[PDB]
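There are 2 protein chains.
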Amino acid sequence: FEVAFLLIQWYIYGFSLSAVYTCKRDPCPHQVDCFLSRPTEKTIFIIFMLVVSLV
Amino acid sequence: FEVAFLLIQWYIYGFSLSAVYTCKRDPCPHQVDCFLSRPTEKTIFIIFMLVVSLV
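Chains as they are written, first to last, in the authors' numbering: chain A, 165 to 219; chain G, 165 to 219.
It is worth saying that the hints were derived from the structure and are not from the lab.
Beta carbons: idealized from backbone N, C-alpha and C, even for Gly.
Do not rely on the hints blindly, as some may be mistaken.
Said to hold, decoys possible - Taking beta-carbon pairs under 8 Å as the criterion, some of the chain A residues facing chain G (in silico):
1. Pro193
2. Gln195
3. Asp197
4. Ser201
Taking the hints into account, I'd like the entire structure generated from these sequences.
This is the structure in structure tokens:
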């Protein structure tokens, strides 16, 4: 279960968060730029959880 | 002068106006959609002026 959850996280998200996300969805015309909330602190906590899971 | 102005109009604009214009300029992120004012009536008057110039 631990390795499966790690693989799913790697597939969907990776292990980092980018401040700017390019979104191409049906309602939005062409491509739009979106901005996440506190990407850096979330990335830090993501790395922390990855290390915890690995241990 | 008449033929030169007609050629310039053909090069820059053509002889029609589209309601939706796709704009890709530096300030705008990616591509944006813009909407002209009364495109159809302007197209009608453009054709009228083209006919007048041709005559």
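Evaluation of the provided hints:
Below 8 Å, beta-carbon pairs count as interface contacts, and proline 193/A has one with chain G at about 5 Å; its hint therefore holds. The restraint placing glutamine 195/A at the interface with chain G holds, with a minimum CB-CB distance near 4 Å, inside the 8 Å limit. Nearest Cβ of chain G to the Cβ of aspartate 197/A: about 5 Å, under the 8 Å cut. The hint holds. A least Cβ separation of about 19 Å between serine 201/A and chain G goes past the 8 Å threshold, and the interface hint is therefore violated.
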